[PDB]
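> As a plain string of letters, each chain reads:
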Amino acid sequence: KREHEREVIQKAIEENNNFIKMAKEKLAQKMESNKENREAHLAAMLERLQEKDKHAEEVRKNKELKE
Amino acid sequence: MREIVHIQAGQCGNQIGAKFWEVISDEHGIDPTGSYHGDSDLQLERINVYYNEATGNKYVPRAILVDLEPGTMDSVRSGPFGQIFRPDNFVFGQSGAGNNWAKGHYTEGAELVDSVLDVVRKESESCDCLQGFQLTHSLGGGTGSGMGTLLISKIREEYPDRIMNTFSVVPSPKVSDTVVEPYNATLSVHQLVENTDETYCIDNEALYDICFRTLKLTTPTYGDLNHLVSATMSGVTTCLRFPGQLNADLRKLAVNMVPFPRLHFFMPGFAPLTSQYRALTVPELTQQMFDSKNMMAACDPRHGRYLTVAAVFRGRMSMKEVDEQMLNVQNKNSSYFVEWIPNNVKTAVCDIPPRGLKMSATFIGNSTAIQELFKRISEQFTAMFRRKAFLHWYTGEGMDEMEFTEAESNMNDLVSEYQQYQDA
Ligand SMILES: Nc1nc2c(ncn2[C@@H]2O[C@H](COP(=O)(O)OP(=O)(O)O)[C@@H](O)[C@H]2O)c(=O)[nH]1
Ligand SMILES: COc1ccc(CNc2c(-c3ccccc3O)nc3ccc(F)cn23)cc1
Ligand SMILES: [Ca+2]
Ligand SMILES: [Mg+2]
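Sequences listed follow chains E and B, in order. Everything in the first sequence is counted per PDB author numbering, starting at 75 for the first residue and increasing by one. Mapping of the second sequence onto PDB author numbering: residues 1 to 275, 280 to 428, in sequence order.
Since the hints were made in silico from the structure, they are not lab data. It is possible that some hints are incorrect.
In silico BS3-like pairs for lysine-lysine, Cα to Cα no more than 30 Å straight-line [to be verified]:
no., chain 1, residue 1, chain 2, residue 2
1, B, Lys392, E, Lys95
2, B, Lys297, B, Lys216
3, E, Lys75, B, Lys392
4, B, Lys174, B, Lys379
5, B, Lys154, E, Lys75
6, B, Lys154, E, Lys85
7, B, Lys122, E, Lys75
8, E, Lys85, E, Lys104
Can you build the whole structure from these sequences, using the hints too?
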């Protein structure tokens, strides 16, 4: 009975720790997946805008080199 | 064998336990501060069974007060007789047990139990010849139920040869704190079957009905139920607290009442039921104590058979008439007492009546009809357990479903065992 009494409290601690653990890890997982996603969205937006600057360079070099 | 050590656990344990010390302190002429202002020498002759003598001829209850929260135990110290208890024996936690057996037995209570056992050992050591322990508790909450049964298990380990008594308050929907009571009770019954020699089954169902039907209390409080409990506790301890031929002790009671070791659940009864002016004749006491209406456990004794009986008459009365009347109910209802324990009814008389009444009778019965109580709790248990309802409260403190299954099985076995002797 005493050894069983220690197994039960050890289990209660184990599972409480497990919840705290997997919540901690699940959270860090999401925050890191999110930051990579948000940054990937903004990186693509800026890379489409920098692709316009580089098309404006072609149109400004078609007036200067067609005269 | 004289000294008993009393422990009261949880709300109920300490509420009824306070009333017990109020009732018997008046009977032994002890006042709210601890001094003896009596009149009869018979009051002090075995005061040693429940009280220690102190510096200045104060008498101090050999009582340990246990709870996981300080609510109830601050009330006990506030209340009428609180200042009599030894202040070191107040052992309490802070967070309580949330009507959860598991918290009492396995987590919260485990933290506190070793301190209670240090006070138990303190009281146990300064005892000439300890006979045993009595615990007051309910089976329905978490502290008195789970922690209480944890204590019992520990006390048995350290003192395996001493007697263990419980006054165990069984729960009812009619007086109900929470839906998990049947769970808590079934987990505690499993403990009591293994680790006690005697248990007085005080059913709250039966106390509610006595209060409602027979005493005309429309809206009964816990005070009204505990009035009935402390008069029963007074009665079933009379033979230990007074003289004088019956060398009655807890072991003798255990030997004569309990033919099979698991079948030690006693149905108590009291007459007359109160909250009078006309004293009762011995025939009336004898009719009343044996009446179903006067039982402290909600079981019809006609549905079962009496294995053993112990009856205790209080007041000045003819012992000739007491034998005649006690022999009359046996001879006139002989089918209801088992033929295979000859002379299973034993009767005693004590000259001191209780406060209020000129004469009274207390009944102690090991009837097989007690099964009805365990059947009632087994049914409420299954209603919920078949859908595993409310279990998360228990599994969150590390308990497993297998432990509930085990416990359900032990109780149903108990019921089978009582049913075995009803038909023999
Ligand atoms: N007869 C009686 N029953 C009580 C009393 N207090 C609580 N109960 C019952 O005891 C059960 C709840 O247990 P309680 O002692 O409050 O829980 P604990 O403090 O956690 O042990 C329920 O069945 C209540 O109806 C009381 O003073 N008298
Ligand atoms: C078959 O039933 C019994 C036989 C022996 C005993 C031992 N002592 C005892 C008791 C008794 C013992 C301990 C605590 C409270 C008690 O009230 N009450 C009686 C009444 C009559 C009598 F003969 C003995 N009694 C108990 C029951
Ligand atoms: Ca704690
Ligand atoms: Mg309560």
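> If a hint holds in the structure, say so; if it does not, say that too.
Hints versus structure:
1. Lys392(B) / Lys95(E): 27 Å, holds
2. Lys297(B) / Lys216(B): 13 Å, holds
3. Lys75(E) / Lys392(B): Distance ~24 Å between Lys75(E) and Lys392(B) Cα, so the pair holds.
4. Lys174(B) / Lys379(B): 16 Å, holds
5. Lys154(B) / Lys75(E): Holds: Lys154(B) and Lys75(E) sit about 10 Å apart, inside 30 Å.
6. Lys154(B) / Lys85(E): Measuring from Cα to Cα gives roughly 22 Å; hence the hint holds.
7. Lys122(B) / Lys75(E): The hint holds at about 25 Å.
8. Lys85(E) / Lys104(E): 28 Å, holds
Comparing the model with each earlier hint shows no violations; every hint is respected.
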